[PDB]
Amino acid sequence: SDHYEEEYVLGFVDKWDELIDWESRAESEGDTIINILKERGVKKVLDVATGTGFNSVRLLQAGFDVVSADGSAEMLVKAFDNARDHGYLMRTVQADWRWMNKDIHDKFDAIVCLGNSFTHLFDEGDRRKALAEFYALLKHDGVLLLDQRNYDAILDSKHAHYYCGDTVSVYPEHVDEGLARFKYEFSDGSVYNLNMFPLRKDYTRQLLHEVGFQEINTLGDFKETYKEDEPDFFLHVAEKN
């Protein structure tokens, strides 16, 4: 059922937050995103993939005005209570990427679409539609920050990637040009298997260019515990202009 697919992922993010505390994670991940926004003079930020709220809370802590959107009401409840626990009032809004301005009536200096969330779309029409909705919600001089795993390295290898020391391993069980299924195994024995679309770096860049973004800088980001020559993530910094 749709309820189970949703409950499965809610269980996954529960487990991630259970075993990986946000302070350790913040000190580990660093402040590159915050500084990018600061250097641009960003004030208003829309988080379009809030999840359990880590990125939104970090931005609130940094002093940004943040609106926290997610397709999932249940995610937003977790995110709100996590923000609350850290001493912030989150502004949550349930929203589908295909109609983002249904209940969002402001425009923003920046949008963040992080957590490798853009890969959850398996339809190209949905990809273009989502990017267009993001584009429309940006002020004339606004920016979209959108990240993704590095699938190029896998498509062109077969070993696990670890995060937060050895708290979780991520193993590509199946990868072809249309699908990547990863096995997530946590230090307590918990296992989750998740599907995502293996976006090539240049394909994502091309989609962004095609919906109207004017300059895209893609940064390599090394997040995993045991570093390789290739980054395990990319961050696209797409300026609207």
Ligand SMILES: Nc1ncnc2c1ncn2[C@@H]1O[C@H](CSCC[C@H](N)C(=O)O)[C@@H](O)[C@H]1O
The other form holds:
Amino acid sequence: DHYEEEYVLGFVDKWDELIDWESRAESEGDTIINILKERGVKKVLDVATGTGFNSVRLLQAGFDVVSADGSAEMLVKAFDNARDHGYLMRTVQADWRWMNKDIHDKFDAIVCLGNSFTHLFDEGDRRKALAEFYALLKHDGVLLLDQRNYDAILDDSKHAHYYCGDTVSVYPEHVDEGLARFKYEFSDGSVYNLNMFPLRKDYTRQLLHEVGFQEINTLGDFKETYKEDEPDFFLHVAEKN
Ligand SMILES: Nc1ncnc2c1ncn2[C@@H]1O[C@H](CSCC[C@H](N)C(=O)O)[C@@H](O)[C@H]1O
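Take the protein just shown as the form solved without this ligand and give its structure as the form solved in complex with this ligand.
Zooming out: every chain and molecule, the one shown earlier first.
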């Protein structure tokens, strides 16, 4: 699918055109950075680099970072965004399903953020991806993996979620247990529609346990502009031991 990659490349361009990273950094806060700091983390592998926000935040924070993504095109955008923030990014093109094909080091932590794991629609692929991440971690390593709160949608909810003030709204057009389609509308009128797999919180936790992770703490993460009783995101902190 040539067009589908081009469609998503258009989407991330729009996201970064209209949402500046300083605002996003202020909002995210330093919870993730603090979690890594408290564990004495030095080497981090970003497996979902995208246009590089998480990686650049981590480089800025002083971590040694390897930035991987399945998409060469994303990595080019990430390297240039890093360059613009004054950092040399270490990029590696790699598919989650065979990560150690081109990555030969072990890491203190792996981050898989921005609701990325949701892009896998096959359960075999999910297991493989997690086993690949698990193998890339040092004995005392940690996996940080987030996701949208799909439970809230599946059990109720049919309204838009806004991010960075009203810069973008995210509306669930169709959600069932095998597929969520979101409409993203930006403040300039741009609309993009994206498919993803609606991971239940406990299903993700179960997968992490099943491939070998010893302890998993799931945190509620309220990112949206207009807060509800339920978090719109979950962050899983999975310790290899
Ligand atoms: N199977 C796979 N293997 C490697 N990378 C994958 C993948 N499936 C999706 N990705 C990547 O995961 C990314 C999701 S975008 C996440 C961007 C970043 N984490 C942020 O929060 O801004 C995309 O760049 C996509 O190329």
